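As a starting point, one isolated chain is supplied in structure tokens, in the form deposited in one PDB entry.
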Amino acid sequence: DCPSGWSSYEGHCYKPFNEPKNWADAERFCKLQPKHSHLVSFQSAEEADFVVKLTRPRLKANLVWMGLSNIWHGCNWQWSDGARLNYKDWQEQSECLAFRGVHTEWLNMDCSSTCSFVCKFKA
């Protein structure tokens, strides 16, 4: 079961927050909850639908963080000519994933953007 202000779906508890935060601050806010939580993860379409039913009333059209960060690191970048990728000069930016409180489709956002969020833990 779920504490007051949280909602239950298949053994987990979920709560949306409106306070805009960057990804790292949002994830930390969930981690500071009395039951240590995380930004929402989606394991199914039915789970995503439930979550947007939660966000729709108060988060509305706001962007909402989900628990995937730095999505362009780990892509196994290589040179088309087969040269060694030893020298590096990437811009220092990272992107994280978000959804709209209205829709389940994912969106890439700069990790320093401030968005609403939803926290999740297992009951």
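Think of the rigid core as the biggest set of C-alphas that the two forms share within 1.5 Å after superposition. Residue numbers count along the first chain shown, from 1. Compared with the form deposited in another entry:
- When the rigid core is held fixed, the Cα atom of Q78 travels 2 angstroms or more between the two forms.
- The rigid-core alignment places the CA of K88 2 Å or more apart between the two forms.
Since we've got the form deposited in one PDB entry here, give me the form deposited in another entry too.
Below: the lone chain, stripped of partners and molecules.
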């Protein structure tokens, strides 16, 4: 099924970890798991409902990393007048996505903050 500690849903194995890491450290932690894994992704409402069902005993309420980083990077940015975005003057900040251990809603956070996370792999 799934090794010890891991839960099964829809052909995949999931594990929460309640120990605060930044987004980048979290992703690599998952990577370096005995079964190589990634930050949990959501492909459906039902899967999100299942993962918060998992989180709730374990991780309540901590903010929990999901697998989305640099969420405001590759937007198709354009001037309203239709002039070229040639000169560029951005800030200096990277946002990543998380949810509370208790609800399905997502929250944009500075990637360098520290919370908890869930790993996921295909079985």
